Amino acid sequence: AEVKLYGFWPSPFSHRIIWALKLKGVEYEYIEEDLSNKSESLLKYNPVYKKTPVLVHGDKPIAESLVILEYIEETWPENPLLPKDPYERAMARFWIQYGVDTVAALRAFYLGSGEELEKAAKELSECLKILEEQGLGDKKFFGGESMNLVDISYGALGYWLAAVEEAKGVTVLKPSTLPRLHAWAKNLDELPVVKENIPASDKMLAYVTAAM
């Protein structure tokens, strides 16, 4: 294995990299890290952040899921996950950067209780409406007719958010309020490259339930 991926099973940050590698057809060794007892390999390869995911290519480490994704795209350029046009590439990177705001809104929802949960749900819905209207639009994928790095970055809005929503008893990504984004997430969830490379729904639900 010339490519190694140090990951954490329930983490969308790790799943992102799995999906990219499989869309590129890159053969890799997956190594599961116990975040409570981090291996010497993980600490050696990611001294700055000491966390997963880390991609190691020819014993050279790349940390941070967004940086890893760009590395995969540049290193294996066939089956492109970014477009050719600089402006279109900038729009992909813009919506990936908006993912930082989205992660923050997801976090708040994930940690909310009571009236706080309600508020967090509302703010997450507002965040996703902007993503839907101004990012996805009427396209089947953020990548147009096929997946790009933006689709990969937001894939957790399907399986992962759905598990959090079930645990919380509050659904934010719903068909009546976000019909295009919901259809996008459902289609993505049904793609074999996604469905084969996420945890089973009951394990996913049990994990987010406990970590609450």
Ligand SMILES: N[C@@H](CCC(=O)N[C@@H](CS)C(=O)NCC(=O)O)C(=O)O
Second form
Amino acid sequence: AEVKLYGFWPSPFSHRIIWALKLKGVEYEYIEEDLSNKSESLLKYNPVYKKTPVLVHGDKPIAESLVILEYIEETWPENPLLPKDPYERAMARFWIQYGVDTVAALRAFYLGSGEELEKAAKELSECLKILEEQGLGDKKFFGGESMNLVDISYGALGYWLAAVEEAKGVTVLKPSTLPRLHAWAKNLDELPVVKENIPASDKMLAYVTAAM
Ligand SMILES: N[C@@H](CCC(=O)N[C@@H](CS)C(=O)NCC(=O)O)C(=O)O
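May I ask for the structure of the form solved in complex with the named molecule now, the form deposited without the named molecule having been displayed?
Below is the whole assembly, all chains and molecules, this chain first.
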């Protein structure tokens, strides 16, 4: 208790938060929101955006996943999910901001069909190549030898992108073209903190298919 999380079951934005709380050992009450029938609590706690997720700590709300993650890191500092050095912290924030570009590429892919899909797939691959070569490099995690907030932010490139790829019949994140990023996503997907806190594959595929 004392910590509440208003979430949406299939959303990586919500999953990210769960992962961070679990890595911090913070107990939370999870509240599932029906996005088509938003609770009064949700509208009250996030009047600007009226979206999930929303973390409430001591009756005070924090909205926007990226902001919530930073708040969790600063509020429960043990087991740091950001490094100490300002330059390395800036590189973490830089690659989290590149997540904006990645989300856009993922969106185009998710929405494409025909020639559009082919183009989107290609642009997503190019987006991920930059992330792999210049962000991840030869490190096991974006955080080096353990996960940091960048790993959390990109974790959806495993289970979630995999479900979208199955839905579209097109794989973008594949070992032959992105061997380091594919290995990273597979290793993250096998970590208990991730594996225990994502939806079952069938449910995840069923959701993204329906949405399409
Ligand atoms: N920028 C937000 C994005 C989260 C988001 O888009 N949430 C969606 C669900 S995945 C939502 O709640 N949409 C509200 C609606 O359908 O009106 C964040 O990172 O937290």
